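As a starting point, one isolated chain is supplied in structure tokens, in the form deposited in one PDB entry.
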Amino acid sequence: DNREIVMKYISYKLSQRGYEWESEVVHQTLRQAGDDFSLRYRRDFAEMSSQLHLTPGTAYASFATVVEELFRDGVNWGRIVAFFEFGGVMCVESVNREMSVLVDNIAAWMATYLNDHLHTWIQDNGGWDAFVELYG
């Protein structure tokens, strides 16, 4: 369930900051890869979040702009982890700026993006099991 992978990822990024908001191996491997990615690929994430200026009125377009750029010329697992971590970081930034109502909005946008643009690639490339073997 794509909603549940989104909700568990976001819940985790927010709990790491002190904010409260087997399939278990997938969630666990995704948490570890995103934590790893946020340290190792600091430069790529800083470029992604550089032109954000997060407000409720611009958030949808900021998310759509970054995710369209990320996947424009293809899908791989690296970009999928980066998608979860960029969504996570937008949620953390939303709470930090007293825009916590964006968290549910971002979760919706991430679930729709997975269902409509990433589901086919995941299913054609060995599913979440291939992710766990490769990154786990």
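Think of the rigid core as the biggest set of C-alphas that the two forms share within 1.5 Å after superposition. Numbering follows the first chain given and starts at 1. Residues that one form lacks are left out of the comparison. What changes on going to the form deposited in another entry:
- Once the core is superposed between these two forms, every option in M48, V81, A111, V103 stays below 2 Å in C-alpha shift except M48.
- Taking a Cα shift of 2 Å or more after superposition on the rigid core as the cut-off, the single stretch of three or more consecutive residues that moves between these two forms is 43-52.
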Given for the second form:
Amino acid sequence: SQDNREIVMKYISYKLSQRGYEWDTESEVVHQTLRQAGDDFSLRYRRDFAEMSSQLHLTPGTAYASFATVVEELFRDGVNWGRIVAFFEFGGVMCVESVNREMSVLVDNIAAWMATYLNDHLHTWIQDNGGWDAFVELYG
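Alternate state requested, the form deposited in another entry (shown: the form deposited in one PDB entry):
Here we give the lone chain, stripped of any partners or molecules.
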């Protein structure tokens, strides 16, 4: 019912489309509110966005460790919607950088990592905080 997998796929498709790359359930109201919040996050936290984009040194064998290290740091002091939006933007940076560095094979892997983290680690918090509808109530 949270449909976190399709939320991830639609989000990553949008991020890759913004950079000119074509790649591969909840209301459009949720999908559009999330992508607008993520665009706004990265224009508000531009230095952070740019630093993350620059300092990722992706290879296939180390990309998961990069993902897991950053996500643990992001949620170390707990979960809030803003950090969830930052998590989506981070996955979008990892996907775009993968395509830029001729490692496009990583995009489907990163999408799986994101869906899995939502389902296994953020699911309880999302349900307890009123689901994706509550995200829209606050930030739509």
